Amino acid sequence: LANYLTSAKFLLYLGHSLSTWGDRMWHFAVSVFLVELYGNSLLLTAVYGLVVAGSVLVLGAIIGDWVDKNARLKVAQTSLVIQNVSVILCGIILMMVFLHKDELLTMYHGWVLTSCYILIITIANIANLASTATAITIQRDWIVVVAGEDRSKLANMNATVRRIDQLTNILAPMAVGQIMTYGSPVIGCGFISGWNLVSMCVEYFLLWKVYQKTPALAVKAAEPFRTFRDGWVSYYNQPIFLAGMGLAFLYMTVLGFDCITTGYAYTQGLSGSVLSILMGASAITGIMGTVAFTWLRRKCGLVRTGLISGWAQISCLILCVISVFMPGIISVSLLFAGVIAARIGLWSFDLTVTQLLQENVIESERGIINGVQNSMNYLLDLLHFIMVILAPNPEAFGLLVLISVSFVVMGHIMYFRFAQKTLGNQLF
Amino acid sequence: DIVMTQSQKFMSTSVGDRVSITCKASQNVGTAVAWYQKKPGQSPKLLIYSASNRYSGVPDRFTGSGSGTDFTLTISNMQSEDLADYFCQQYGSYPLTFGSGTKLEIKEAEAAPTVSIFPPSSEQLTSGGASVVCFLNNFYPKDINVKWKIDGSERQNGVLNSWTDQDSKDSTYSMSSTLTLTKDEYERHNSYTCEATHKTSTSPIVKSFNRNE
Amino acid sequence: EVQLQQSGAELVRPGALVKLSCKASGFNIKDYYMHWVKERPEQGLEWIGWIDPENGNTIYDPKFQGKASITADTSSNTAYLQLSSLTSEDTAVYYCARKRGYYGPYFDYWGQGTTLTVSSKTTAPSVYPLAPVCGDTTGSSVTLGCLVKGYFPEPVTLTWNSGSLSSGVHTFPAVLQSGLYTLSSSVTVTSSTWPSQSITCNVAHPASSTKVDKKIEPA
Ligand SMILES: [Co+2]
Ligand SMILES: [Co+2]
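Protein chains in written order, with PDB author numbering: chain A, 17 to 237, 289 to 395, 453 to 552; chain C, 21 to 233; chain D, 20 to 238.
To be clear, the hints were calculated from the coordinates, so they are not data collected in a lab.
Think of the CB as a built atom: it goes at the ideal place given N, C-alpha and C, for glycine as much as any other residue.
Among the hints, erroneous ones may be present.
To give an idea of the interface, some chain C residues facing chain D are shown, with a C-beta separation under 8 Å as derived from the structure [unchecked claim]: (1) 34; (2) 63; (3) 64; (4) 114.
If we strip away everything but chain A, and leave its shape as in the complex, we get:
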């Protein structure tokens, strides 16, 4: 309309779409670099996960207190520059070793095939730290200042951000796959480096624009281990604490669709009912869970939006539970009807808690409580990897669901204790 296309609400969807696309192409590239190395997805993939999770679990509160105490534009631009420079610097190494593979040049401990993995993981970890800083600042700060005082416009911005994430999580791997199989997987990596280089400048510009277009953003209000407990007791002294923990418990889940494609995904061929539809259906219930949020939130409010988005997830995971017992092939039918029909309650619950954290957390503590929620989210994602490794046998799976459904039911009791304490012990 040329009137909506220049709003600061749209130059934010755009600057977010570009960042998410860059991050996701680069994740699929690094996921195909882990095939020029140990072909297994258990040891080395889970160790990549452990490294990124540990890094953010440690530095979440320091990153948060850096987001607060400094500025709004310098923070966004520093984090943007850092992530895109680290992405091109990892893509260059990825290429310069994706060509010269299996050439041990020196015999000492700095040899190639392992210093390459160490360097890729360190630079990927810096990329992830920077992108977490950008997530904190942009979403939890600029969506709340841009959305003004409007509890139904902020709901729409949250659901919109999530829908962009959900469609990019599909379309970015397919684009980079057609590039990496069209010509070759070396020009692919060089291309993702170039893409990230140009979109760095584009997003630099878009952020500067959104800053000029809403003047409410220019208005601001053992030190490392000091500000690690000055952020983990604050996050505990908050009245909203019990919801941000009930959310963190939904991350220690093996039934998360991305991980079930690793183990217990055999006997089904690609493009028939797996990555063409079963990867494309979980992107439908991810849009169909963000449209239930904005709807339920009007009819029944933001605390009973989390209470129906909880007995929805729990009730569809009673399908993944009757599966492993099969009481009166079938079993793989249900387990995937559960993992997919329970993303309606998981993406609707993720959005209430995101919006409770947004309007109930003071502006001064807005980055600290939002770093310590990230750290809480990985601390439970870490204990997710610690459980897939040392328990990787096919026989030992019938239990990685029951102790992955129990952290769901235990994260929806820490919300039912939040609800019953906020709006009517006997009123619901």
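Starting from the structure of chain A, add chains C and D with the ligands where the hints point.
Chains C and D with the ligands only, in chain A's frame:
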């Protein structure tokens, strides 16, 4: 429910003094405690939220401190625009509860009341009732006790005591009790006395009148 | 400039209904939660409940869940509280307050307060007054006084000498008795005008137009 408690109803202070008002929860609120100040006949205004943050635009001499269960508002170098009521609200959980409040008051030296008894009036005497007033004026500390001794018989029933507010010119106080007896009650008795047991002097200031006079 | 203006000064026979209004100006009632708070005479603040104007969800303090109904109208930008089956205990000042989240750190803006009086009486005042001086030795300050009693339901302004008074004019706060009221006011100055050319008390109850004067004669 969390029951916020403020031990002191009154605090006697002086200008330029540091006064610390204390508030005590009944459960672990965390840092969920805000501090309001209200002056007589007004609406409560914010001072300090989340137990330490100073709301934007309140002077820099209001400080707030504490965590967990025991909290403190602190006025450094108190001025004369601070004599008010202060109370702590908790927003840790619903229903919200407020502290019952703590009234500041400028502190004077000490004084004893000028007790003055006044016998029933003629027009009231024909009105089926006779009320005897005593007017203790310009007192020291707020608290005081009267003595309704008709025929040296302390009558605890039918009394009404009303105390002023600290005068802005002398920081003193005043009070007035009135025994409300019947027209047949003031007749059947003979003596009428009022005494003020203030802290100023152990010898009570007793004033009395005679129905013979 | 954000304001909340309230309807004022209602007087209600007990057992009836009443509805108290709170009109917002400078913000949208809909972006906030609206809270009602009660302050009894010489008592602490008490919380009645909130209403979410968007969907009309109300939460009450369990001791108000019977006889409090908070409603709101966004079109008029105004919130309402209905008190039902009124009693003597209901008399208090009601405040309307504005909070942002379910756990907003504060009530930044407050209503002016609405005094609600629940009683079943209405009459004029009886001004009876006299100075006392007998059997005394040396006069203190002749300490004259006044007693307005049995006022039906109004705020009297008994002032002596008609602005000829001095700082020696102490007005004792009024108090209820048999559903009527009672007050008093004392003066003590200029021990020469006692017995000699003196001043008088003038008390005027507006709700009854009882503007009566009474010059206090000696014993
Ligand atoms: Co990423
Ligand atoms: Co996994």
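We went through each hint and held it up to the structure:
1. Taking 8 Å as the C-beta contact cut-off toward chain D, the hint placing residue 34 of chain C at the interface is violated, the least distance being around 22 Å.
2. Taking 8 Å as the C-beta contact cut-off toward chain D, the hint placing residue 63 of chain C at the interface holds, the least distance being around 4 Å.
3. Evaluation of the residue 64 of chain C hint against chain D yields a held restraint, the C-beta minimum of about 6 Å falling below 8 Å.
4. Hint status for residue 114 of chain C relative to chain D: holds, with the closest Cβ pair at about 6 Å, below 8 Å.
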